[PDB]
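Put together the whole structure using the sequences plus the hints.
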Amino acid sequence: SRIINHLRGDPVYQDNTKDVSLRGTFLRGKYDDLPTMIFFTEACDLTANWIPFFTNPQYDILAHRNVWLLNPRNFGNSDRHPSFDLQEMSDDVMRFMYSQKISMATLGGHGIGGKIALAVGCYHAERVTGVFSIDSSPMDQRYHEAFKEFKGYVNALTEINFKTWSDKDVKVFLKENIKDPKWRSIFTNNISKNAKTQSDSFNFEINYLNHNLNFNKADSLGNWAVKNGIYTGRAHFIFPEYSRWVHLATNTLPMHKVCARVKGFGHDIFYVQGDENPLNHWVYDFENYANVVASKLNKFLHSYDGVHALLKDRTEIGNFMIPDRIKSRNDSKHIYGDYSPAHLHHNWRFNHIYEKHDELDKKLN
Amino acid sequence: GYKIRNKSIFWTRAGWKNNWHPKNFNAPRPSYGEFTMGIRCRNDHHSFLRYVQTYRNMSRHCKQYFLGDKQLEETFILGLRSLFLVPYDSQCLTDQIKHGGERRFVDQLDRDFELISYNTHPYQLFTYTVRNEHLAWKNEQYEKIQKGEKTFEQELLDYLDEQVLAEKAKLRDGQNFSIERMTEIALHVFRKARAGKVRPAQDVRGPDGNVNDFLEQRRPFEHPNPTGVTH
Amino acid sequence: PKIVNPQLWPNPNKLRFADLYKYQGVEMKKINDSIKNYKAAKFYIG
Amino acid sequence: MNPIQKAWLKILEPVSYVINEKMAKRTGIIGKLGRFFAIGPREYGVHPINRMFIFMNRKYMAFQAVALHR
Amino acid sequence: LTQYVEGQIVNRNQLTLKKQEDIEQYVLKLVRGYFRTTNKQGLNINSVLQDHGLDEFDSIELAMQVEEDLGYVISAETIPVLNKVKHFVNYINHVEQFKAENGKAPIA
Ligand SMILES: COC1=C(OC)C(=O)C(C/C=C(\C)CC/C=C(\C)CC/C=C(\C)CC/C=C(\C)CC/C=C(\C)CC/C=C(\C)CC/C=C(/C)CCC=C(C)C)=C(C)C1=O
Numbered sequence: 094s095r096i097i098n099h100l101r102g103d104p105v106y107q108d109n110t111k112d113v114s115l116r117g118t119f120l121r122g123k124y125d126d127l128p129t130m131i132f133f134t135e136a137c138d139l140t141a142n143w144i145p146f147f148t149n150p151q152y153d154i155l156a157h158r159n160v161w162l163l164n165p166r167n168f169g170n171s172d173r174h175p176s177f178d179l180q181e182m183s184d185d186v187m188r189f190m191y192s193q194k195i196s197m198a199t200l201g202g203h204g205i206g207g208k209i210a211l212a213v214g215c216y217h218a219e220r221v222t223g224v225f226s227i228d229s230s231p232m233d234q235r236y237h238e239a240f241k242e243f244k245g246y247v248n249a250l251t252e253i254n255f256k257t258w259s260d261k262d263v264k265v266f267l268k269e270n271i272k273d274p275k276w277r278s279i280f281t282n283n284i285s286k287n288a289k290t291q292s293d294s295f296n297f298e299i300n301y302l303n304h305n306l307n308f309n310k311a312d313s314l315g316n317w318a319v320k321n322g323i324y325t326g327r328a329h330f331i332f333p334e335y336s337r338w339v340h341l342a343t344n345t346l347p348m349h350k351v352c353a354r355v356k357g358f359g360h361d362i363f364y365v366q367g368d369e370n371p372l373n374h375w376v377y378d379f380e381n382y383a384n385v386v387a388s389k390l391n392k393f394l395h396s397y398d399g400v401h402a403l404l405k406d407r408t409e410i411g412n413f414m415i416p417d418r419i420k421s422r423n424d425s426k427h428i429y430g431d432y433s434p435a436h437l438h439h440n441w442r443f444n445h446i447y448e449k450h451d452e453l454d455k456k457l458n
Numbered sequence: 038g039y040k041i042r043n044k045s046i047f048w049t050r051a052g053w054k055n056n057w058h059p060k061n062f063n064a065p066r067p068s069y070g071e072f073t074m075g076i077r078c079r080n081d082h083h084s085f086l087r088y089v090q091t092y093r094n095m096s097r098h099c100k101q102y103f104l105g106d107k108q109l110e111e112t113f114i115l116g117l118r119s120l121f122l123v124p125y126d127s128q129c130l131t132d133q134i135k136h137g138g139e140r141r142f143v144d145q146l147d148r149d150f151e152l153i154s155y156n157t158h159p160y161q162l163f164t165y166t167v168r169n170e171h172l173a174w175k176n177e178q179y180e181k182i183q184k185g186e187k188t189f190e191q192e193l194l195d196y197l198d199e200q201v202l203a204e205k206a207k208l209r210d211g212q213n214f215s216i217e218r219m220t221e222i223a224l225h226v227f228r229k230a231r232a233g234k235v236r237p238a239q240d241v242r243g244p245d246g247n248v249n250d251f252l253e254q255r256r257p258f259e260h261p262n263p264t265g266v267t268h
Numbered sequence: 005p006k007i008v009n010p011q012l013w014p015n016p017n018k019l020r021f022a023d024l025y026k027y028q029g030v031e032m033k034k035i036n037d038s039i040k041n042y043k044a045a046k047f048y049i050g
Numbered sequence: 001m002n003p004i005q006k007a008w009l010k011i012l013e014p015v016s017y018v019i020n021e022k023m024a025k026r027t028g029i030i031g032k033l034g035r036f037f038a039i040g041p042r043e044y045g046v047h048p049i050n051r052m053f054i055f056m057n058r059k060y061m062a063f064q065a066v067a068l069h070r
Numbered sequence: 045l046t047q048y049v050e051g052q053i054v055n056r057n058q059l060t061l062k063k064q065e066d067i068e069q070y071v072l073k074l075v076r077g078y079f080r081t082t083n084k085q086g087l088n089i090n091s092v093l094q095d096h097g098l099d100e101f102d103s104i105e106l107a108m109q110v111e112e113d114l115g116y117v118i119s120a121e122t123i124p125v126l127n128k129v130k131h132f133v134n135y136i137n138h139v140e141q142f143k144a145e146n147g148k149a150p151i152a
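If you're matching them up, the sequences are chains A, B, C, D and E in order.
Heads up: the first sequence begins at 94 in the UniProt record's numbering, then just goes up one per residue.
Heads up: the second sequence begins at 38 in the UniProt record's numbering, then just goes up one per residue.
Heads up: the third sequence begins at 5 in the UniProt record's numbering, then just goes up one per residue.
Heads up: the fourth sequence begins at 1 in the UniProt record's numbering, then just goes up one per residue.
Heads up: the fifth sequence begins at 45 in the UniProt record's numbering, then just goes up one per residue.
Hints are computed from structural coordinates only; laboratory data are not their basis.
Be aware that one or more of the hints could be misleading.
[To be verified] Dumping the calculated DMTMM-like pairs for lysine to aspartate or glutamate here, alpha-carbon to alpha-carbon at most 25 Å:
| # | chain 1 | residue 1 | chain 2 | residue 2 |
| --- | --- | --- | --- | --- |
| 1 | B | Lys184 | E | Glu50 |
| 2 | E | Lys62 | E | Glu121 |
| 3 | A | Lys456 | B | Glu253 |
| 4 | E | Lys128 | E | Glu100 |
| 5 | C | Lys18 | A | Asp451 |
| 6 | B | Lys229 | C | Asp37 |
[Unchecked claim] Here are some chain A residues pointing at chain B (derived, C-beta under 7 Å):
| # | residue |
| --- | --- |
| 7 | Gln366 |
| 8 | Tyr429 |
| 9 | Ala435 |
A virtual CB, placed ideally from N, CA and C, is assigned to each residue, including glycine.
And the structure:
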């Protein structure tokens, strides 16, 4: 109703990658003015499934930030385009932030969604405060067993023809071809019947996706290319102890390799204590996994997100002075010294808070 | 969040979580009168009364420096009992300790009293510091009340009582103003008041309501970085 | 003693930025505690 | 800050006026010279030697209490 | 003979009961003054201090107060048997009789 507001639209196939618009759910915060958080769901996965996580009083995430559960191109209700270049998909978010008048946002993602979130910070860092990745890493996952199943299932989904196939023929096809219960349920709910019951189809572009995965090259979603670069801002990674997607042994190094400010395990990278279970990827379902992600998420949003690199926490804003590099300012008659870096308002561009407070400051003097 | 995984963490050669009688080679063995000529032992049956007199001394010798503060004498007593009640409430089986837990604890409390007799026990110096900071804050409230001025604590109570009325005037569907709802209201005010101390409220914006305070700042000419270089 | 300020930049407000003005006092406060010991030891040393 | 620094300030009161009020705010090399030799409180004025004694005094004194309390 | 009371030095006063009725009233006033005592009006001559929220360590604080008000020197061997109001009353009498017959205070 009010707290939950998801804009409604129809997907549009686009020939130009720049004329792509993103659509998703918006969760209003408890308080009037709060920074915004943009969260990307797993590929082919529903945004609604994350609502109980972000709408739980025990976690109270909306008390911190407004949440935009946004779908990337070719997913959900967003526009469709064959290219999956993270640079192109990142520009889509920048236009969405512009159309929605968002100066800078906190980015999050689950699995492959985490890659999309981190790519935006890699391509647009000046407008991203932080990144929170869940069971993902900026890494090539083409040869991970978890990805192969997803890559394999999507290929099986290309065999069904809704026009000829009946409703029962589909249900039998999924149970036999899809073994994972969660993926099966996710895919079933992604099937929709267009107006006038003309025919049933998948909400996501099955053709463009299978080609990306089946080709299994740099543009594949499982792959993380060197072209994507480095993320300069705050980044926190949380994944299960026994996870098929992120192996604790070596899959943590890409974080140090790609994220410059990542300190390491125990500070910006954590693992949730758990057993071996293929369903641990979906932390929002299990309270034990979710409670830790929420606590760590609230800690990242409250103390670490949107904090200058050389500062430890948000507590140091206004009391810790950073050294200055010589000959870094235009003024020639400037005595170089330590300074507290400037932290700006989350939407200072599309509001006039600075112009307003300047007047109030004059009234004091 | 994180639980110990090793199941044998509390295992000892003497059993599970045994911190009263650790296993050692020279184990206690009995003595027989008919076969025993002489013996050298320090164990006695005087630990009970020493446990009583030690309490009376540690209590009476600490009150010498309380200046008749009745509220402090009663608080100190509760803390003194917590120190003597450790053997009675601990997981450690104090009645099964190696060579007598009674003598062990009594001899330990005697070392604490020796420091108390000199007024050098860290609990004493900690009690003086804690109490002086409390009275300085209570006297500040008294001085502000005698002047008819309003205390920062009463301003919060009055600001919270009126907010409860505003929140319950719209809570008509339900009528259970839970303690949870009352709490988040108070914490929200505390967080804004907490940030107000370092950045007071100049205008209607309120405490810590100026964005310009968070722009680039510099140390004042009269107080530079004394500990390190600046550039 | 008063220190001459070139006034090249405005100093932060002590109320809004108080921690910046504290270090100077605590440094002398340390020395005063040491002096109390020097004076108290006049009879022992003497 | 310490008493010895305060003694310098009383002696350098007129020197502080010349360098800070007049020179520091000029332009050119005369300004760079005044702003460089500006008089006031010391940046990084701490004395590590004095701080070193304090640490070793406290560390060695705690050893005395253990060795002497027998 | 002086003590601090709320930061002020006050001269301490000692009592001399020498009467059964004055003892029962003093002990009750004493036990009712202790901040740990429960059911202060339910306290009578036959009240077990354990039944009013008092343990062995609280009986010590009470004995410590008897020395303050009466000037007695109570030994550690006598305190742990004071677990009822009746016990304080009978002990106080035994001390008054000892000093009235032996001319000295009991062994401390
Ligand atoms: C008693 O208990 C004990 C301790 O306390 C618990 C310990 O800490 C310790 C450990 C010891 C230490 C931690 C101290 C360590 C010190 C060491 C190793 C030596 C330190 C040496 C220096 C810092 C170099 C000093 C060099 C100079 C003084 C020469 C330069 C100064 C000059 C020439 C000025 C002239 C000085 C004089 C005429 C002396 C008169 C004295 C004054 C204060 C006059 C001052 C005058 C002015 C104008 C400031 C022990 C052993 C101990 O027993």
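Hint check:
Restraint check for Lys184(B) and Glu50(E): satisfied, since their Cα atoms lie roughly 23 Å apart, inside the 25 Å limit. In summary, the hint linking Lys62(E) to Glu121(E) is supported, as the alpha carbons are separated by about 24 Å, within the 25 Å threshold. Restraint check for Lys456(A) and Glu253(B): the C-alpha separation of about 22 Å stays at or below 25 Å, so the hint holds. Between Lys128(E) and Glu100(E) the CA atoms are separated by roughly 11 Å; this keeps the pair inside 25 Å, and the hint holds.
At roughly 20 Å between alpha-carbon atoms, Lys18(C) and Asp451(A) fall within 25 Å of each other, so this suggested pair holds. A distance of roughly 37 Å separates the Cα atoms of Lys229(B) and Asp37(C); the hinted pair therefore is violated under the 25 Å criterion. At about 6 Å, the closest approach between the beta carbon of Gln366(A) and any beta carbon in chain B falls short of 7 Å, and the interface hint on this residue holds. Evaluation of the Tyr429(A) hint against chain B yields a held restraint, the C-beta minimum of about 4 Å falling below 7 Å.
The criterion of a C-beta within 7 Å of any C-beta in chain B is met by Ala435(A), whose closest approach is roughly 4 Å, and the hint holds.
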